[PDB]
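Before any questions on binding or motion, here is one chain by itself as structure tokens, the form deposited without the ligand.
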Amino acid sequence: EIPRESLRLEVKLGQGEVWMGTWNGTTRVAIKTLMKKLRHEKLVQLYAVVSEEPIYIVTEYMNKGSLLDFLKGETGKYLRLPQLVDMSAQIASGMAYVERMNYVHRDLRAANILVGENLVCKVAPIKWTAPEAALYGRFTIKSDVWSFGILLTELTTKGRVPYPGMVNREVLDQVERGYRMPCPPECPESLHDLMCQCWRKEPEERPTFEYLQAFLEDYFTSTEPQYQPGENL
């Protein structure tokens, strides 16, 4: 809870609205116009609120915008697998916290991850949604794991929409018949194997975020120690 005059609203980032600005003329902040329980290094941090109208919400500033906009921007073409797996390992870590706190995110995808400097990533759509959630409304941490498998394809394709060429109904139809996205060009099969574990039909058989985090943190020693950079990954 803070004074209204203590927030200088500078650049409008999107549409209520979202602004870049300064708090107490020193701290760069993100400002939402018309999360106290959750505290983790890989979750975007709430700084302050103004509870009465007009309502203002103040969070740490993530200077590269969404992961989605980062991968699709000027820097994305330079990202290679090591940086993309490192990003996914940070997302898995934030989701491991959510998982331990008995929460469920429900809209996990690159549009909803924010990126800072030093490639720091923090957690803040039928194609991203598990079949049991999309169809029967069973949203669990395991349906978030499914969304994470999909998010891994966004990372390995540097930000492409999943199920390229398919409309929502075709995706829902095909996935119901066992379809899964193939291995992305130049993505190691071991990483696609991980995707395929996240997309197991039985939700309880999908891995935990704690497991995902460990697999991705360790990836270039334990799983791909012979990794050589290619044309794009």
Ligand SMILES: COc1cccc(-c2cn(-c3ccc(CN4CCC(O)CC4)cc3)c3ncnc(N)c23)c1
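Note that the rigid core is defined as the largest set of C-alphas that superpose within 1.5 Å between two forms. Positions refer to the first chain, counted from 1. Only residues modelled in both forms are compared. What changes on going to the form solved in complex with the ligand:
- In sequence order, the one region between the two forms where at least three consecutive C-alphas each move 2 angstroms or more after rigid core superposition is 1-6.
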Contents of the next structure:
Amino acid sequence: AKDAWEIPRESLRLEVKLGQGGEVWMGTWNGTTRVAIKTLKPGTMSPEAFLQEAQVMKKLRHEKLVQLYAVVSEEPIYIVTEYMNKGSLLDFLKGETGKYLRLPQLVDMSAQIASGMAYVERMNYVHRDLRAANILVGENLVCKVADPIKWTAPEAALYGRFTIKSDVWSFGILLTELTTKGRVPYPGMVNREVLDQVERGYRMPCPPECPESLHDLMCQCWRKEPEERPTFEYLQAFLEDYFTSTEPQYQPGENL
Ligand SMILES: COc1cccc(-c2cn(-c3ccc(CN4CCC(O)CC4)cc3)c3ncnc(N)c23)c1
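Form deposited without the ligand done; form solved in complex with the ligand now:
Whole complex next, starting from this chain.
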């Protein structure tokens, strides 16, 4: 028995291909509604498993989470959502526009992600794979949460203990992506080195031109003890108010 998210497949025209991993397409829904469509390439994972993402997307509704529109829950299975016309944050950061972003833009992007994740937090959910590649960018630099040892808290990577606090860890790592225009965290380190070093207390240093106040925040996100890590509610307020309350004398530099 289907729910009120169900639509007939015939209402979808998959136009322009965007990515693969099944796939994701640009497309149209009913009359004149531009959407994104996730496909399941037969075999790779079970229907139930591909319909994890949709089922959670059904209960999560917020301005800074990518919005589910519809689902075709019989094969070939499709998930349908709003279309994010600037694609992934990671690609945006690394792209041609990426280099013009300065700290005011990057922090605002972080504030928006924190807000979506603050909502995930209030709803008692856990994301598990929070990072720039899973943030989508739209018009007016809107960032939405959608959808990785280097991004994963140690307790989670080692013991499968994923909580909102391990999401906070990942958010700290995401701040390094933002402040380096999308560089891979722990430059030159393989996953084993990162595990080994993090366990001995190593944390990434302050990125070049990143204000110390922003790095301290990263460090708080990376506290060994999950419960000592800030809430997203806290992160959202800090990042929202950053240039008044925290760094009121910020001046542009070469890159940030
Ligand atoms: C069911 O609908 C969903 C659910 C979850 C995510 C997406 C999604 C993914 N993308 C997407 C964005 C960027 C890329 C970029 N890509 C990977 C790295 C790079 O090499 C270039 C190609 C691929 C897919 C979207 N773009 C625009 N709009 C989207 N909704 C997406 C859609």
